[PDB]
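Okay, so here's just one chain, in structure tokens, the form solved without this ligand.
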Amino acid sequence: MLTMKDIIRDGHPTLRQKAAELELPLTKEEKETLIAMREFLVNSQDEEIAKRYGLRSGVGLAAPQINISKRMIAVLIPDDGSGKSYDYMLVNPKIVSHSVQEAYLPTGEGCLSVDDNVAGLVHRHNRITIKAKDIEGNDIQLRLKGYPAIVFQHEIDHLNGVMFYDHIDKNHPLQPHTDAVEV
């Protein structure tokens, strides 16, 4: 199983390269990797297991974070109670259309690869449409808004060597743009 020992931290060259597209079908090893990436998110949300391995709770992980420059990502957002849940393993994910309006988390953004916390708000698109392939090569299309949209753009940014703190305005970090929504 993947543990914090497999997560490379900020400064490692792989987090800044541009992940390679995957050729379908995936090799046996690539499926195992993607499946283990998701299993990591599950483990990190399980209080028991998470505490044993010291895993930080998280809802998204990109392949580049475990030193695999490939365009695969796993996202696991639990049911916040409103029934809406998100459990996806995506291959060659691609944002094909998005909103002009912006959105952002109040508390800023974090990253398992970044040990120390960062200040500013991260302004992303409030709505996006993603086209990607599932673990078996079939087509998946997602329309997302708000938080879920934020999570996916975060993970997708890794595939292009972009870190969340790259978006923060070196000016008023804590200052929201002229109206992008909150959350």
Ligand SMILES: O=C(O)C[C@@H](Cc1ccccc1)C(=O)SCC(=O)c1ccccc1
Contents of the next structure:
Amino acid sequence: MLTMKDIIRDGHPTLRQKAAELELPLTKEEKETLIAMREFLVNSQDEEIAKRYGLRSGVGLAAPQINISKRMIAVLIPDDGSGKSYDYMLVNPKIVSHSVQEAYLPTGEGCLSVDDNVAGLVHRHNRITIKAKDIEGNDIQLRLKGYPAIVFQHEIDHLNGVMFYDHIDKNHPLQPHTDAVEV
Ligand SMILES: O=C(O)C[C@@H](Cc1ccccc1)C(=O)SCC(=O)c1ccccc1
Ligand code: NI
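Please supply the coordinates for the form deposited with this ligand bound, as a counterpart to the form solved without this ligand shown previously.
Below is the entire complex, every chain and molecule, led by the chain shown above.
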């Protein structure tokens, strides 16, 4: 199983690479790492197993963060109120379309690869559409609004070597952009 000593840290140059597109079907090794990625999130969201392996809680993980410069991500966003959950393992994900309307988390964002908390808003597209491949090479099209949209944008950002904190306005970090929804 993956643990925190697998996650590489801010300053590591793999995080600033642009990750390569995978050929299909995937290799057994590639499937294993994507499955594990998911298992990490699951594990980090169990209070006992996180206690035991000192896992920080995660809802998203990009392969670059375990130092694998390939275009795959996992997302595991448990129910939390509404009856929507999000358990996706995606290969070569791509945002094909999005809203003009931006959204943001009022308390900013976090990143497993980052150890300081960093205050500042990260404006994102409130709605998105992603085309991707699943772990068996079948086709996925996701329509996402709100928190999931942000989460998946966060992880996609990782594949282009973009960190959430690059989106912070230097001089007015807590200033909402006009007409942006708070999530
Ligand atoms: O480090 C990562 O890339 C994963 C990260 C992504 C993230 C996206 C959008 C906003 C904040 C962070 C996290 O999953 S941080 C953990 C988290 O937000 C959480 C987990 C369980 C319960 C409540 C919150
Ligand atoms: Ni991150």
